[PDB]
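Colleague: Listed below, chain by chain, are the residues.
Protein chains: 2
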Amino acid sequence: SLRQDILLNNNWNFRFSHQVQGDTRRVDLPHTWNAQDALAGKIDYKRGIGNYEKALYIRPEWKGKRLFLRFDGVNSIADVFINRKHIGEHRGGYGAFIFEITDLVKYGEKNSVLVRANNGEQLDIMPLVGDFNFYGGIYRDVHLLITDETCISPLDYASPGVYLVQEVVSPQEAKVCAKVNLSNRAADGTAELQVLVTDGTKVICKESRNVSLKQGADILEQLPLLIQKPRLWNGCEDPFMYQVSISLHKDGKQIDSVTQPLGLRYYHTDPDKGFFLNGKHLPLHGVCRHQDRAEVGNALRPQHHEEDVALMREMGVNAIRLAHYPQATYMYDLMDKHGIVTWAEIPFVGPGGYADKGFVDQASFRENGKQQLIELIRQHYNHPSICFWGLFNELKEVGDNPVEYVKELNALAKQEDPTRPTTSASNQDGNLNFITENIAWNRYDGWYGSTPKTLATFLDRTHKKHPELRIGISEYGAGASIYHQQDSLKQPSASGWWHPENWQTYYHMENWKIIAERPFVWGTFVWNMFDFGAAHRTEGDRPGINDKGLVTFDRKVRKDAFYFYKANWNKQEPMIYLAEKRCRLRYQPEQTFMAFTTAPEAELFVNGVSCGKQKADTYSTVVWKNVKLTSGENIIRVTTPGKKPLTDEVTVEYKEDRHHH
Amino acid sequence: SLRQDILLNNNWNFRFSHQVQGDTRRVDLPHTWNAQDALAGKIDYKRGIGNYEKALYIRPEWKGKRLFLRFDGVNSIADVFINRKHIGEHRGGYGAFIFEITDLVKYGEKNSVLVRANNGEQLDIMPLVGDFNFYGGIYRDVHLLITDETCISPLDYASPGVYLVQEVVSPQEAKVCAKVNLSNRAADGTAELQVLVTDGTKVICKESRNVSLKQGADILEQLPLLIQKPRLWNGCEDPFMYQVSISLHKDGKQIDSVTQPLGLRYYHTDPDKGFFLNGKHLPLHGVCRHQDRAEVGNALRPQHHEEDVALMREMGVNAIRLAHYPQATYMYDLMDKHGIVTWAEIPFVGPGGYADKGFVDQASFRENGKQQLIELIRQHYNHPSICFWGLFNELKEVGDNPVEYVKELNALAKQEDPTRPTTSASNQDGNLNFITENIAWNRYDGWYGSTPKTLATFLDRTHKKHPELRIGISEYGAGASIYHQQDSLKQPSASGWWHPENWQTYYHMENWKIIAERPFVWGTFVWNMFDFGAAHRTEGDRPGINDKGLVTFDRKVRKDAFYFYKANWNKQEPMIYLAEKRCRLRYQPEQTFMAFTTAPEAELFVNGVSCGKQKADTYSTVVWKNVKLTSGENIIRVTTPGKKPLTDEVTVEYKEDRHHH
Ligand SMILES: [Cl-]
Ligand SMILES: [Cl-]
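Chains as they are written, first to last, in PDB author numbering: chain A, 36 to 693, 696 to 698; chain A', 36 to 693, 696 to 698. A prime marks a further copy of an entry chain.
What the hints contain is simulated information worked out from the structure, not anything from laboratory work. Just so you know, not all the hints are guaranteed correct.
Which copy is meant is left open, so a pair is good if it fits within one copy or across any two.
Here are the simulated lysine-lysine pairs, DSSO-like style, with alpha carbons at most 30 Å apart [claimed, not checked]:
#, residue 1, residue 2
1, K591, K616
2, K606, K591
3, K77, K591
4, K679, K606
So that you can see chain A by itself, here it is in the shape it has in the complex:
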């Protein structure tokens, strides 16, 4: 009667329903059928039904236990059949879902499991539009869960069935209400519910209640926990969590158990001073991250989540906006573990500069959106990293006006979880900005026209006109191809096929200086940590890509901007990085070299001869001007001070040719 969790990812048989013959090919999960077409820039990539079928041997000894199929994510509608009989449907591409199959299987034989996944367009399931790909299929894990007939229920919106509600938290004491779903299919009886909080081998809490469970009972039980002088989850400084074991016992035997983290903290956002974690001001040095990657689409493996977090911590990221939808439980686990303050959001996404709408005013759309919000909150309730619930991105009032509906979602979020503030990401003026507790804007001053300086004007004017708003920046960024390089700085056309890397570097340096000076801005999030898929894009070095990443789509190459942020945000790892190394061909008679470093100064050498030292500025940048190259090959080297220095080096070619002038 130990709970079992059996992965069912291997060897499914797949075909599209547009293939009428019935032949199938082997696939293995996680899987999307849009990893080739959408990623090649095909705008009308396959959106429709793909069918996955697998034989599952139901063990004779599972008779008398309860059996559940839990899906971590299927985009975007899933219809599940056991022995070809429909058992249920889930509508929504990003939340987990579960079906009990206990009474639906034949014990001691192979049973068919068939999943018919549909990512076809709909007007009743958010997201309706967006600058990303709606990759179809079973792109997260599938599990067979086996439990006692009397269990901690897995059936409440596919959540772990335990909510560790933080009611009061300070360094003196924490009070928590452990709410636990119980489900009984055995005879009427009683059981003992135990909640055990530990830190390593040390017991911190232990609470018990006897509970009466009628046959067919599905009930919520609540146990208070008190922890004196708690160790708090304090972001990257100390991402500490207790372990909580919730178990059911009968006549001296444990019959079921689940574990969840408890990371205690408290926070607030001040309109003038920014974000405070556990009573201390904390600048939120944030980036955004989509759940896709080159070649595999959104069919991410655990090492992919692991590498994305490793790259963010290397850069000194301490905040993340996991846009534009609920992401993997494992990704939120890694945010908990590494101390990253997380903004998690539902996929209520508007059109941006494109056509159509994020909101369609019909009951089916509205009720589904509420179910997606409840899923997000209940499924991910216990992650201390999550400190904001995001309710939308770039909705607009024209046509169907989502204002009243967004007020409904806000009230529902506050009722489900009074312990986190709501937030949203806006690109509009007006009423949509005054609903959520924190507000943020997506700003591209210096990329989509204008100069970075208009970001400063916007922030200052907004803060002065509306002093009660807690203002953030939910997106800012600029495109870059690592293969587009030029000696001189000039602003490219955003929508064109030329995105020189130096303009992205310049964009981030100027925008960051504006942000750094404005502590009323509670958090800022770079769009985006990685290049990502968007099939309709036709810009930069190839179609189908949003190239605003600080790192490329395959996670292989860090663009110059990554190191500018690393020098400024990760000050305890010594480093020096020469900018513009991918610009190998130089034409300008007067060369400028620039390095990012954590050192107070650096020295430049050209062809083995020192050009002398320069001091790092407040933004960890060292600059040498009017450097003279010799025609042909030149070796450029920068070094930090001391007898054991760090170095960076490049060979460039200097050419006096051109073109008219």
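Fit chain A' with the ligands to the known structure of chain A by using the hints.
Modeller: Okay, now just chain A' with the ligands, sitting in the frame of chain A:
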């Protein structure tokens, strides 16, 4: 009158001719228009005409000079127009070509350069078939070359115009005939041709001749060079080259100059003992490499060539087969520089297990193939790394029988260059094997059916029946996806959608042991160093990919086999690598762990407790058997001996579940 070489890669205007309207988009070279479609597995990817146009300002001061447009590579037919007037055509996707434009331009104004590139199917330009993509477009650099009216000619098959023919080479002395093409468009006159051999600042040779040049003269001049006690290019041990400057002088002024490397060596292949470089036996530890990469197709940048060579040297590669076509001058330069013995080949490729033919018996096909061979030899003549000329890959006699034609190519190769042997890569029995000086076979014993043991039987039986043959292995390999992992070793279906990484590891370990024991095998080349594009493939973890690489297509991930070879071929870099780390889920009650290391033994730890030391075998492999894991997470660590060890580590999950049995 210094020679100028001006890169013309930036900002061309592109459209397909199937787009009849005339609108264009900016592109930048190197460029292929098949980097999205063919790489997504679209079998009928775009094969036809793409048009590139750029305005080129012709400087008034270039009047009186000579002007050439040189193309490093356009796949596969290029028609070039200046001010919309046709100037010439090149047929062949892999060799350089050049057109003089001196008398075709208007000086002091912008002139249009239009290139109409066509990669449409043809039956008169090899390669006609092949297991790779025929990526279309201007995928290598374009240059404007500016010279004196009297110059070292760039017009001999677009070669540098100098052939440093090695006539006798030993450690006592080297005799070289410097053959130099001269071209005069100025008045009848004389000039002084100088050939200067140097090592750093030291002069080793200096020879001069006066030459008489008629107006319109295009002539070949030959100067003998003698070098006493030469330093020889000796592979990776000492890849030494002299620098040669060839210059033309008049009345005390230098008027033109080119430089080429001189890497002196001699070699032979013995049917029983293998390959000898500079009189010393040298096992050729080889891999093959295609000129493509994820995302960019064959539009490779110099850092791509640089990274490919870096990865090969890391693995201890000392030989390379640059299949299946002439590759970049820069790639052969890197082979020279790093000491890698190189097999360079023309694209005379047969069908393998697929339909159609590599040979069509018509004069147009045959004459074009001879021009592609002459291009390869003349353009790449001076690279010491190149030690074999490959004439075909997998032709077959059935239908049009290429035997007589391959004898013609062999005789032409020997006439153009008596200093290198010819070779070929075969998958057939019979006469095709008895034409080139060295012969090699493509073998997949243990992958395309059978067991690796049949490679041993083939090699031994062939060597015994035909003792005069110099036998090599031109391809051997097996597919692997880094995302297909399983606890147990079982042979997969080659053509299926399941290519577990452990089978590739096993394949290479067994095949390498067969090779290592057989010194009569002069060279072996892994197919392939990298996964590569082949649009028609439908196997492994995604369509459109040949996944036989030791490294993935984006060059990011080294598969386990890479480290098996690194431990065995690069013995002077200490290392330890735990195999099967990507296999995170373990089911077998009895676990086996395996490490590759350069150390004589290694120690295993499980959950922090030593399982004891094991000795490395002759193949640098350490193995522990019957290792007991605890249910759930286990930390596995291996370390080399000593107080400062090298380590490798992984966390795996051990699960006692399954499926019937
Ligand atoms: Cl909207
Ligand atoms: Cl053939």
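Colleague: What label fits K77 with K591 when the C-alpha limit is 30 Å: within, between, both, or neither?
Modeller: Both: 24 Å inside a chain and 25 Å across chains, each within 30 Å.
Colleague: When no copy is specified for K591 and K616, does a C-alpha distance of 30 Å or less occur within a copy, between copies, both, or neither?
Modeller: both (16 Å within a copy, 20 Å between copies)
Colleague: 30 Å Cα cut-off: does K606 pair with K591 within a copy, between copies, both or neither?
Modeller: both (23 Å within a copy, 28 Å between copies)
Colleague: At most 30 Å between alpha carbons: which applies to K679 and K606, within, between, both or neither?
Modeller: both (18 Å within a copy, 29 Å between copies)
Against the hints set out earlier in the document, no violation occurs for any number.
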